[PDB]
Amino acid sequence: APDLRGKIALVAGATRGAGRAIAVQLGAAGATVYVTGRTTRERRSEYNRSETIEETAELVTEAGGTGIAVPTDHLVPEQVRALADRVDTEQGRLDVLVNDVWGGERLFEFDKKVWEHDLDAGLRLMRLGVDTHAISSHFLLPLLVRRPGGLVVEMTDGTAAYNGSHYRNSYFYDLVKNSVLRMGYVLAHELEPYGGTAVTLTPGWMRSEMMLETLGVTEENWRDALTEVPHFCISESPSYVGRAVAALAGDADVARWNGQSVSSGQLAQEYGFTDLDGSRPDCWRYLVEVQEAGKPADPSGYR
Amino acid sequence: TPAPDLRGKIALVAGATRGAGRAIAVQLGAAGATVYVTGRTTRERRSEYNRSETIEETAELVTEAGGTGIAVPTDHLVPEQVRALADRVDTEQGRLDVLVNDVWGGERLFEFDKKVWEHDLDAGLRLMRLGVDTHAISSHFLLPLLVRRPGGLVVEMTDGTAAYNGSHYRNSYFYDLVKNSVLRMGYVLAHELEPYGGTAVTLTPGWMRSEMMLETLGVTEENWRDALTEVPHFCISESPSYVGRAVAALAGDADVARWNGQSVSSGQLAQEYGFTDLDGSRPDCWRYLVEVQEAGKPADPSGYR
Ligand SMILES: NC(=O)c1ccc[n+]([C@@H]2O[C@H](COP(=O)([O-])OP(=O)(O)OC[C@H]3O[C@@H](n4cnc5c(N)ncnc54)[C@H](OP(=O)(O)O)[C@@H]3O)[C@@H](O)[C@H]2O)c1
Ligand SMILES: NC(=O)c1ccc[n+]([C@@H]2O[C@H](COP(=O)([O-])OP(=O)(O)OC[C@H]3O[C@@H](n4cnc5c(N)ncnc54)[C@H](OP(=O)(O)O)[C@@H]3O)[C@@H](O)[C@H]2O)c1
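Residue numbers (our numbering), protein chains in the order written: chain G, 4 to 306; chain R, 108 to 412.
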């Protein structure tokens, strides 16, 4: 298991989903983790959900690290500048930056062409999914490149290999996920002279809070949903991609990944971690070799 | 090779005041097309670019070249104006054969060789909005008319090929993200258009002798090789009309669907279709950049134009 004691991490967009679980797994490895998001105990966010950023910070501490909640709208440069100033003030360093901010799960429309998709929702989802990462990198990378060994993880949906041959959901969704892949390549070029590393990371099919609610199940009985969604047998908990980030952050030779697109399932094979249940789902190979091949849902050999 | 015959075709070049946009519109007009040309700069008000070329002037050049240019001043960041533009084309023509998403507007906003934390942030966010959202809004409102019958063509204008950009960081963070998003737009739109018999490609010019570029170098088109002492690798450059002829060749290709989803360059298409630049040459910018300039060889256009 990675030892991240003494490390300073920041997960931008950590209220729920992968962001929360990445922050928690970094804390479970001993890191101090700044966690940002809009939903507080006082105010709900555009998502209109009940998970709060303060709750994430407490879960990071409970897990064995230190969670510091900083409510932040990552579309507001002044707030992200203050966030960078705070980390410098309190810690003088930043080892790991995870640009997780997405916020578009309610805005994209599946199987609508660009002229059928609601336009305002599509433009909004691209701004949330792209500009937040640009703003975060703009203000937080100076601290990260102050000394060698920094790591940036850009969070997307899909690998370069999968997305390179698959249209992803609809026009706006697809442009975001492929821009975040490009961000990993671009930041790898900018960080390498400083001894910094950038990767783009995707989870598999995540059993997020939002996903489990849609399926009407809890984590403890998630396989109850398999009659309704048989290919959900490849799914993983959000902690799996969290352990992938922790494994990268703990890798003394993480620069071997610079610029690459990686997946949680690929990194589980590489580093040997498992999901909470001991399995190692390999979503993107499963999607190609089983589901898109027309075969019946069957997880054998893929987790 | 003989010039494409686009008589009877309806085209729209979004962002056609100057540069590639103007030249694409004029070369479509020279092939006989009716061309709607849009942009913010009019004879009464200058645009964010603060330049003197106007969208009315482009429309007149389209007509002079042998087509019909219809200027529609439009801010492509304003959905209501782009909706009206689409309604107008439907009203006047009932069809749209060729859509060229040329809108860039970022030439003065990107910063060469600044890291993302050094680049001015507001300018970076602005050029991404101008370079990406304008294309999304344009496709959203104009593609319904285009897919009404088979044979429509959409050209997404970017900088670089998929092959070149896949292995090259392009200028700086924000610039790079735009050019690579527009590459992805061609792939995405090809998927959405194919069931309708529509085709999408992403096209890049080479090193263009645009109005802005020639001013930066202190030369006119008639004596552009005067700049070679200061910028030797400018020997690979092409006029904006070259990429205009590339669009006209795609628009005239009965089998243009063979390109669906692909990234293409003006130099690649000149070899494919046989057109030339105005001076009779066929510059091959992206092969030259890799095989001559980046290999450390002295500037020498032999074999590349
Ligand atoms: N169900 C899923 O979430 C799911 C499933 C499969 C794959 N993925 C992919 O995995 C990646 C990570 O997604 P995720 O699960 O972490 O998605 P997410 O929950 O949409 O994003 C993480 C958090 O970022 C915060 N955020 C959004 N906009 C913000 C802003 N302007 N300022 C500050 N914070 C903001 C949101 O919390 P606040 O509302 O509190 O700000 C949000 O809950 C995404 O690329 C996604 O496509 C997600
Ligand atoms: N050597 C080169 O210059 C070169 C080389 C390779 C690739 N490329 C690429 O080729 C592509 C096309 O280039 P270009 O020369 O046509 O660039 P451009 O002149 O920046 O774009 C064409 C016109 O679009 C208009 N426009 C911008 N924003 C607008 C908005 N919000 N609403 C309406 N119209 C708007 C502008 O006219 P108004 O100001 O009147 O609106 C602009 O002059 C660009 O992506 C460029 O990067 C260029």
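The hints are simulated quantities; they were obtained by calculation from the structure and are not laboratory data. Virtual Cβ for every residue (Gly too), placed ideally from N, Cα, C. One or more hints might be untrue.
Going by beta-carbon spacing under 10 angstroms, a handful of chain R positions derived as facing chain G [unchecked claim]: (1) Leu228; (2) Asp283; (3) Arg365.
Covered, in the sense of this in silico footprint (three residues per stretch, anywhere, with C-beta under 8 angstroms from a C-beta of chain R), are these stretches of chain G [what the hints assert, rightly or not]: (4) 125-131; (5) 165-178; (6) 293-303.
When the hints from earlier in the document are held up against this structure, which numbers fail?
Of the numbered hints given earlier, those the structure breaks are 3, 6, listed in rising order.
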